[PDB]
Amino acid sequence: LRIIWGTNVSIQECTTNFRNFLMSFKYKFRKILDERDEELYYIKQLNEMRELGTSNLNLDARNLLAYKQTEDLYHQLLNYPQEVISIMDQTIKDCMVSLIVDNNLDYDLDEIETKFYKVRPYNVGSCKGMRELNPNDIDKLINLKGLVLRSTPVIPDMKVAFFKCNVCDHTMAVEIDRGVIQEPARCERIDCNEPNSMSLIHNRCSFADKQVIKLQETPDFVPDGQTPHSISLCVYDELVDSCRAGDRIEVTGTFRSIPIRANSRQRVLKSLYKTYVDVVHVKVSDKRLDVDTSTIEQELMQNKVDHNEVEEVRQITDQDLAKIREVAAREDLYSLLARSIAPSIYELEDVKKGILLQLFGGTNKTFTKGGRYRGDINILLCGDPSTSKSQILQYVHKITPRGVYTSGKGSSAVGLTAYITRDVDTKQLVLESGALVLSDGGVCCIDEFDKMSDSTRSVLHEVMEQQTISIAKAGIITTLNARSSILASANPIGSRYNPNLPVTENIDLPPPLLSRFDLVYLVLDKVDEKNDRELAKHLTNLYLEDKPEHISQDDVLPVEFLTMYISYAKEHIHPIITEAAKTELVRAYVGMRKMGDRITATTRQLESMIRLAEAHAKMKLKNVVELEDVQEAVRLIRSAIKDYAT
Amino acid sequence: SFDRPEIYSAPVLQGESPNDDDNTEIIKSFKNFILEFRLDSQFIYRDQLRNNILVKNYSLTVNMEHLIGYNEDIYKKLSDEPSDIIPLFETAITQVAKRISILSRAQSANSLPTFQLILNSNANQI
Amino acid sequence: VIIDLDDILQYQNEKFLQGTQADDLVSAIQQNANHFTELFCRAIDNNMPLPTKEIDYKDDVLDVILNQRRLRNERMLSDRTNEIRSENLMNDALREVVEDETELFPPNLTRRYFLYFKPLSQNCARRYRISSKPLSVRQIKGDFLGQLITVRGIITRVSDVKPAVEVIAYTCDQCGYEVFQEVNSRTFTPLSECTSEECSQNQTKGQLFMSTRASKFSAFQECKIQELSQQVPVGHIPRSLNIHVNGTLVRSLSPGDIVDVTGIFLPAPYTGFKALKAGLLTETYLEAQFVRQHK
Amino acid sequence: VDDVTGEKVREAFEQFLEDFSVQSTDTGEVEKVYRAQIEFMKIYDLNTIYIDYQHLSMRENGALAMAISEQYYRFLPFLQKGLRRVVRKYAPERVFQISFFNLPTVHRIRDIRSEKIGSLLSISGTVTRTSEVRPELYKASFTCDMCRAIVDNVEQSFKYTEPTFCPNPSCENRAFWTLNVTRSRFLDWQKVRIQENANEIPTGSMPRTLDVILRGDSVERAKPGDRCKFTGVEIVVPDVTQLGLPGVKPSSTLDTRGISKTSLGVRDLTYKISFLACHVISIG
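Protein chains in written order, with our numbering: chain A, 4 to 649; chain B, 275 to 400; chain C, 4 to 298; chain D, -16 to 267.
Just so you know, these hints were derived from the structure itself, not from any lab.
Just so you know, not all the hints are guaranteed correct.
Distance condition first, Cα-Cα at most 27 Å in a straight line; then the derived DSS-like pairs of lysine-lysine [unchecked claim]:
no.	chain 1	residue 1	chain 2	residue 2
1	C	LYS277	A	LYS273
2	A	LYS277	D	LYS255
3	A	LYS307	D	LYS255
4	A	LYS167	D	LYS(-9)
5	A	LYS277	C	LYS18
6	D	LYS72	D	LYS25
Start from the sequences, fold in the hints, and give me the full structure.
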């Protein structure tokens, strides 16, 4: 039997056995999933590849596990990427040919048979992270996680060369395929002699696209005592401009290792090789955390249509959409959704409710010239410590798609933008994005808001007000936007809050800046006895029977309905706040202005009430607001106002 | 303060072999000429060689009309550029001479120089 | 493979009491200790219980490469004795004929393992009466270069693990050979047209380019030992001394510990500024062999 | 064939600008109007022409429009030669620049890829850190001292030195220069360096530079702190400092399977996209 020299594969068994895979697939992945649509996938997805004209079929790996046979081809694939991927390409093309001979008059048969089809696999295991990898395991497939720092520009690559002479003149050309390009010394015209000069015109030849993206990961189950780490990867043609600066990406690719020169002068290729990744498939969306917006995305909605790519937005299916319109008919949604956010922390349903309303933030209205009104709302919450302020911030840090978590006294005025530095691998001056440009669209978090400087906290007078940032130093003189929803916290002098003391006095802020924040909570403690029984019964309810059961009685909690509920509530709704409520709204604002002769009330309360109000109208799927429900949009400030009497 | 590295090889894969009748794989015809010849009814060159090893003569004699007799193209190849094809025949002889030397010496009784061919014809007295 | 230095000594007392006299070997290891890895390892390779289990399908890639090298080596060695034996004209002579007209993969490359010594206790040296007296970094005079010593101190600045090359494997594309090259130094250089016995002695030399699934790699990691700060004189400062680590022993040196590294002590060529050299200053390090932690 | 292609487009171009160019009636904008541009150039002697793209988009039903727009860098000397023969027909030392304008679709810096090499494209951005004005040779008079040294020659393309063949008289290949610093024809060029627009960048990353070269007419027309529109031709500049990127980067080891025996002048190559422009309009 035939074999390849580096491996143990054969072209016949892989080809015919994989052809035998693509004709029968009946949810054996559910037979592992234990069952808790009977037509197979790849006829349907091959038709979706067929009529729409898009290339780039993609399959999983667990699907290759579940079917028996071809339990073998998986272990062939995970070891030997390049050859096996080439084989699956060839049999996909012949499967398209074997489909088209059913009706015989299909799509001008030559070119759609001529066009390159390719395979992108993913989900190929995750056992041990980047650190453990021995040099035994050079060429395999690897999954990673973590974010993305910067993005190099575009650099071409020769795929075709092009030659001329001065005699007299003939114009042969040559390809690459292996590592080097040979050029002839003689001849053309005459061929034979004379051995004329052979020039290279480097404005006529073909090229390619090669982009380098630098990455930093978070490999869970750490090899203690590990510190974070940085890898550099080298994406190719189609996947150029498929990664911004800030996303959370899960990557597949082939680990490689190529030596580097010494000092650009000799041929002394230094030993002790350098490693990188050589990506294949990029996985941006996810099913557990939140989904990105649409008013931000619209430039790359305007792009990416000429050239077929990946989805970037969670695909809303059709069957559960009926369940969305069913759960929307529930009356108790306003306490059910706010009850189902953080099922391990149990108080402060006005605060849970405001954190729910930060996820539904405002209506994005753009004017003709100027304007540019976002849906930003901004929340402080303070009070006594030992009140689980941190649990909320870690949970919101998990849910948010593009969240960045700084702290107090670990900041600087440099430390939030323009880290203009010296990159080592290319040895030039490359500019980095700081801590708010990565926060662009989403939720930031700041702890210990008391203990900033004067220079820091003078950043936020621009971000909170103008919704811009204006860098002006020696690199770049150009303003750049950072829309963000800032959440923060502070601990008083006490640390216990004492009564008969001014509320503005007990937190060391200038009360205009305290007056600039939208929704200010003041969570204090009660000396009474009746709640604490239910408190300890919740804790020992959690510790018992060593299994996550935490809240099942007497409550229904959606696990991941709410993320697609929020995203579907974020695209397909535009709420408008027309005439009939302006009487009550202006009436209550002038009623708020009545107090005069501690904290006061400015126009930020009015801007606050319209944006929080229409944020409540974004919930429960209503394109207009009503005169009713504005009252509790006032009461969200009035609950803190009853918490301001003491 | 280490020592020097080394370079070696191993034949694994074949191979761009038309074969184009170039500097090697002409020598295949002479390893096929000394060993694999027999005129009727007795092979003549092999016995002369295994005779000449014991007396230590280190030579060989060739008839040239015999070379145009057996093959044909290497004859005019030899008469084109003789100053570059004769040392190929010398190496062609000494690769066989090592084998006959070790099989004869070790059954049952370093170093050995390069041989010489001494040919002679009677075609045309110019 | 852990070849200790206790079984050798017990073997010498046993053979000393049986009769006859046994040649002194333990001190011969302790004096030189660099030749004996290669000598010892080509003593292993004559005898090995080969076929004891058939290959798994899902095993590895290094196994299947060494399996194809071994099998091709056998068939190449049997082909020539299938040719010359049919050209006649006890059989040890024909074996000596075939074994010297055939180029083979040398046994330095089909190995799969490593080999590590282990020093002797004070317990075994006390029972029968040096190779491991726990020294300090001030104590290492420049007259121990080559022996097998033992230090102790606190590890600081242990670096990452990255592959370093040992032999590099090219392909020739026309002749079909596989031209290897060994690298001993820090920096190497790639090579050109060919060095075989077929693309040489021809007019048209081929051109060669490398490949990475046929070379031989090894993990590599270096760190530093600082002085323990209890074994210092009255007015001094802790020194330091480098360590290279190769092979299986990697990922056992955590920073901020108290360790007992035992290894052999070689030179590695360098001097600093060019105007300070007098020839042939050498700048030592410490190879690692076996790591024993306190705590 | 290919010379029949480029010569075919050349005669179609001569046929284009010789004919009618104004469709309008007496209420105009009267005929022709190209010959008024040649003769109006003849009265003032300034040696350039500004021709539009839309009129060439009218006539051929887009066939010749899809023949200059792709391989523009291949079609300089044929176009400039045919226009020179039109000038020697209708007019009495000449350096001609053929600067197109008024293109349909404007791209940004992010839409730059490397499949769009050679072509024309409208780039809009922001000028920052212009440079000064310095000459450039492009007209050699360089031959060997034994004996003749009067050969006008190459280095229109950037090499720079030297002349290779037909040497000297009589010192043959590869005897060449000494050059000549008094027998040439120069022009002047500067190198402004555009920076991407503030109202375009994808949220959220940083602005991105690009280089751009201006020759001939469009010197000094740029302005530090103003927007611009440029002209497309988009050349490739040889770059050095991208080593250890990682690769794998190609190399150019020359062939030796020709010459029969009885050194290693191999090279590296790594290239970055620059831009070359000739018309600068300051609308913004």
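To see whether the hints hold, each was checked on the structure:
no.: 1; hint: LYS277(C) x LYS273(A); verdict: holds, 21 Å
no.: 2; hint: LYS277(A) x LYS255(D); verdict: holds, 24 Å
no.: 3; hint: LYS307(A) x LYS255(D); verdict: holds, 24 Å
no.: 4; hint: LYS167(A) x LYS(-9)(D); verdict: holds, 21 Å
no.: 5; hint: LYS277(A) x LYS18(C); verdict: violated, 52 Å
no.: 6; hint: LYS72(D) x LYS25(D); verdict: holds, 13 Å
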